[PDB]
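Here's the letter readout for the chains.
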Amino acid sequence: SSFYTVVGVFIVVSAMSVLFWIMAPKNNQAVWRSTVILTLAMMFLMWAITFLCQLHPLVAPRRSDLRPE
Amino acid sequence: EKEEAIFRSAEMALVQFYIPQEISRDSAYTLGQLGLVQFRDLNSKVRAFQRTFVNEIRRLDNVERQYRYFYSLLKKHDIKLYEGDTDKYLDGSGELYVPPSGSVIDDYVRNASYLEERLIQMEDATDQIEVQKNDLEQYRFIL
Amino acid sequence: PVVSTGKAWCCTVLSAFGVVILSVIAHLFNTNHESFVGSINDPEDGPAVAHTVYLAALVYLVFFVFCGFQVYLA
Amino acid sequence: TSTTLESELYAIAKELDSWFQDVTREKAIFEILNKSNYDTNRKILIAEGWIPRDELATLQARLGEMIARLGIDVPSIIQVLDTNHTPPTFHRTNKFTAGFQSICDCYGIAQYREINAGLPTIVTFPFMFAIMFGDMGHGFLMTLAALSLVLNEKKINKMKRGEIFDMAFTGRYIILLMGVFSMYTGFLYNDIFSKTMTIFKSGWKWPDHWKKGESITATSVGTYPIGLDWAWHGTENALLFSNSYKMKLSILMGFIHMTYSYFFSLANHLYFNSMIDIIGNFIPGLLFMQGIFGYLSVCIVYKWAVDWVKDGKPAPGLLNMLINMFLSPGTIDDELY
Amino acid sequence: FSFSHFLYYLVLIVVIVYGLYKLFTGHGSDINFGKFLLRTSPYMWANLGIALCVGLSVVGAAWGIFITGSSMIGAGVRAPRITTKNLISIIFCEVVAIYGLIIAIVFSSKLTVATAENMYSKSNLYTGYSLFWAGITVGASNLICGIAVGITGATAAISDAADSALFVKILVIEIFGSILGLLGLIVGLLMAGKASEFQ
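Chains as they are written, first to last, in the deposited numbering: chain A, 2 to 70; chain B, 3 to 145; chain C, 3 to 76; chain D, 291 to 627; chain E, 15 to 213.
Do not rely on the hints blindly, as some may be mistaken.
Unchecked claim - Capping the alpha-carbon separation at 20 Å, the derived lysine to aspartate or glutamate pairs in EDC-like fashion look like this:
| hint | chain 1 | residue 1 | chain 2 | residue 2 |
| --- | --- | --- | --- | --- |
| 1 | D | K448 | B | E118 |
| 2 | E | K208 | D | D624 |
| 3 | D | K304 | B | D28 |
| 4 | D | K448 | B | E6 |
| 5 | B | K47 | D | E321 |
| 6 | D | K448 | B | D89 |
| 7 | D | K491 | C | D44 |
| 8 | D | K536 | D | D623 |
| 9 | D | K448 | B | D109 |
| 10 | B | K77 | D | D344 |
| 11 | D | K495 | A | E70 |
| 12 | D | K333 | B | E118 |
| 13 | E | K208 | D | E625 |
| 14 | D | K448 | A | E70 |
| 15 | B | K90 | D | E321 |
| 16 | B | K78 | D | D307 |
| 17 | E | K208 | D | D481 |
| 18 | D | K445 | B | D87 |
| 19 | D | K491 | A | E70 |
| 20 | D | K317 | B | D89 |
| 21 | B | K82 | D | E305 |
| 22 | B | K82 | D | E298 |
| 23 | D | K501 | C | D44 |
| 24 | B | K82 | D | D307 |
| 25 | D | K385 | B | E5 |
| 26 | D | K325 | B | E58 |
| 27 | D | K304 | B | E58 |
| 28 | D | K385 | B | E58 |
| 29 | D | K304 | B | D80 |
| 30 | A | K27 | B | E118 |
| 31 | D | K385 | A | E70 |
Claimed, not checked - Here are the in silico distance ranges between beta carbons for each label pair:
| hint | chain 1 | residue 1 | chain 2 | residue 2 | range |
| --- | --- | --- | --- | --- | --- |
| 32 | B | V133 | D | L441 | 57 to 63 Å |
| 33 | E | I150 | D | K536 | 28 to 34 Å |
| 34 | D | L530 | E | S137 | 45 to 51 Å |
| 35 | E | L180 | D | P619 | 37 to 43 Å |
| 36 | D | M457 | B | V133 | 44 to 50 Å |
The hints are simulated quantities; they were obtained by calculation from the structure and are not laboratory data. For each residue, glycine too, the CB sits at the ideal point set by N, CA and C.
With these hints in hand, go ahead and build the complete structure from the sequences.
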């Protein structure tokens, strides 16, 4: 059904977030460590909602006028 | 090594100060030049006039009141206040300026108290002239 | 000719956006994108409106180089 | 007569501000010494004060410098006290987390050692802004307006402005993050100046031939990688897809936000050694709201995952079954799983 | 004087004389209120239901919002710490319009297109009547709930501006008064529960 595309990109983003948890600089530790891991999650979730419900659509476009070329 | 305190608060301490009287005035400046102690009120349930150090508030805000009268007199007869830009010999690195000691404060008190009545009579002298400028000028319009 | 400084930026910034925006819209008129002319409505000809939108971009360019030197004098 | 007065005012108007600063500082010193206990048997003032723990090494250094400036001998004027009072809060700000901290402190000053709500606000506030402000070009103009304020920070923090440019300048990083996240959201909505993009090949295919004026449909030859498809632009039913699309987007994002903010209560109760609050408040609320409203989100994603035309089953209504879950239990018109 | 009472009395006299005259002829069944309900298009009743629902919900929300907002602005002159506290009294008046939105979204999924044949069937007339009365039920309940929650919010703002310990004890009354819009919501969902689309 290619829901596994969403699953695989989720695996990649979660893996790089766990990679960033053990990488973030020691100066403002919680600020980097929280801002980056919480922006990767939301930028993923919005795209994953976008790719779904365009996968198996129930409504098709119409466009009545549409020049024949 | 300081904790970040952005996920939670910062860990606190309550510290009791044993300040002698002869260095108390001087020590409160050093306690104020570092801005990291919040004092709690130990003299609760004592009325505002019964506390210690009240005449040392009355003299100083009398000086404040005379400075307010001066600055009200500066807006009339338009003169720009100087606003000495060096707000850095009290702030800044070092965190240590010597406070003015006693006689400088007494000089401020007696200087302002001498200056006030002088300015009052100089202002009252030049307003007896305006009230007789006004009637002569409008009488000149009548004529 | 009183001050003429607080109104210089209001026209230079306006012209600086206008040159770029009408230039890219004229380039999209020229190559027929089928979203600017892809229906029975407003344009029909194609590059004949790309003509006057590039003309308006040139007029915005001379607005920009006129008012951009009056702000230079301050 | 009005000249010697004026010259006296020219003398006073210079070097009045320094007099005023010295007298205000002298008055503040006695206002702080007013709240200390006075002893009569010995001339010792006793004062208490709150302080963070990393500055007990700063107190002894500065007071040692003071007692080295004037020659005395005092016996250890600092003593750390064990108490049961409520200490102050003090979050640290460092110029990027400062504006969001001022945002969250406008509502209420948090409890001591409670989890700060200004740390997730940094990114969850401009993104929830960005969902409502989903345009490429408007977020681009907002980033330009933000970079006009961020690229000269040193010039602006020395001026007197008044109440509007203050809110503009103290929240410049807020406006920068709002503009960048609005660029990302407006890219995913496929919307720049209320126009589309055409940067990939479409997932819909128009028919081969038509007369000028025929109402036709597209034939679904695949899916579109990032964003909405540009074959929804005119199409005279674009709202019919977009409304049911973005409503489900808003419900899913709101549920993820609520169930993420709810776990901070568990991280609080586990920290204060308050194990009755877990079993009495966390588990009842978690089960009650997950089993009602996260089941709806699972059903939304599951209805997205299932092809209903190829299977030949009627697609149910999630709003209808959410109502009939409570108002007529047991009866189901269209089956989902 | 009193032009509105003159209009009401004139309409009353004209209606009494007209109905009494339709008796006088012997044609008292020509005033046929039931045949008017058959021969009227059901989409009129459905769209009046949806529009009057969302309109009356928004009117009740606005009413409550300015009642509590005037008193909170006035009471915050001396005590400006009441605003972020009694924000919740405006939250409670704003959720009323969201209940009206939910009802409009549920009801607008049933506005399909019917055939000229079996236009006035039993199901279509049932659907028009159900959508009309459910819409005005939830709309009038939302109006009344918004008015009451706004009055209690103004009084809570004054009492919290007195001292800080009173708003916990007056916010309970807003919790009592805010359930009534949810009652209207539930019964509006239940009246249009068995109504089908227009087919």
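Against the structure, the hints:
no. : hint                           : verdict
1   : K448(D) to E118(B)             : violated, 34 Å
2   : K208(E) to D624(D)             : holds, 15 Å
3   : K304(D) to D28(B)              : violated, 28 Å
4   : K448(D) to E6(B)               : violated, 28 Å
5   : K47(B) to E321(D)              : holds, 17 Å
6   : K448(D) to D89(B)              : holds, 12 Å
7   : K491(D) to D44(C)              : violated, 26 Å
8   : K536(D) to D623(D)             : violated, 26 Å
9   : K448(D) to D109(B)             : violated, 33 Å
10  : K77(B) to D344(D)              : violated, 48 Å
11  : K495(D) to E70(A)              : holds, 13 Å
12  : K333(D) to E118(B)             : violated, 37 Å
13  : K208(E) to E625(D)             : holds, 18 Å
14  : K448(D) to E70(A)              : violated, 62 Å
15  : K90(B) to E321(D)              : violated, 24 Å
16  : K78(B) to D307(D)              : holds, 18 Å
17  : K208(E) to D481(D)             : violated, 40 Å
18  : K445(D) to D87(B)              : holds, 16 Å
19  : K491(D) to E70(A)              : holds, 17 Å
20  : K317(D) to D89(B)              : holds, 19 Å
21  : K82(B) to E305(D)              : holds, 12 Å
22  : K82(B) to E298(D)              : holds, 14 Å
23  : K501(D) to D44(C)              : holds, 19 Å
24  : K82(B) to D307(D)              : holds, 12 Å
25  : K385(D) to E5(B)               : holds, 17 Å
26  : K325(D) to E58(B)              : holds, 14 Å
27  : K304(D) to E58(B)              : violated, 27 Å
28  : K385(D) to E58(B)              : violated, 40 Å
29  : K304(D) to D80(B)              : holds, 13 Å
30  : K27(A) to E118(B)              : violated, 59 Å
31  : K385(D) to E70(A)              : violated, 56 Å
32  : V133(B) to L441(D): 57 to 63 Å : holds, 58 Å
33  : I150(E) to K536(D): 28 to 34 Å : holds, 29 Å
34  : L530(D) to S137(E): 45 to 51 Å : violated, 24 Å
35  : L180(E) to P619(D): 37 to 43 Å : holds, 42 Å
36  : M457(D) to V133(B): 44 to 50 Å : holds, 48 Å
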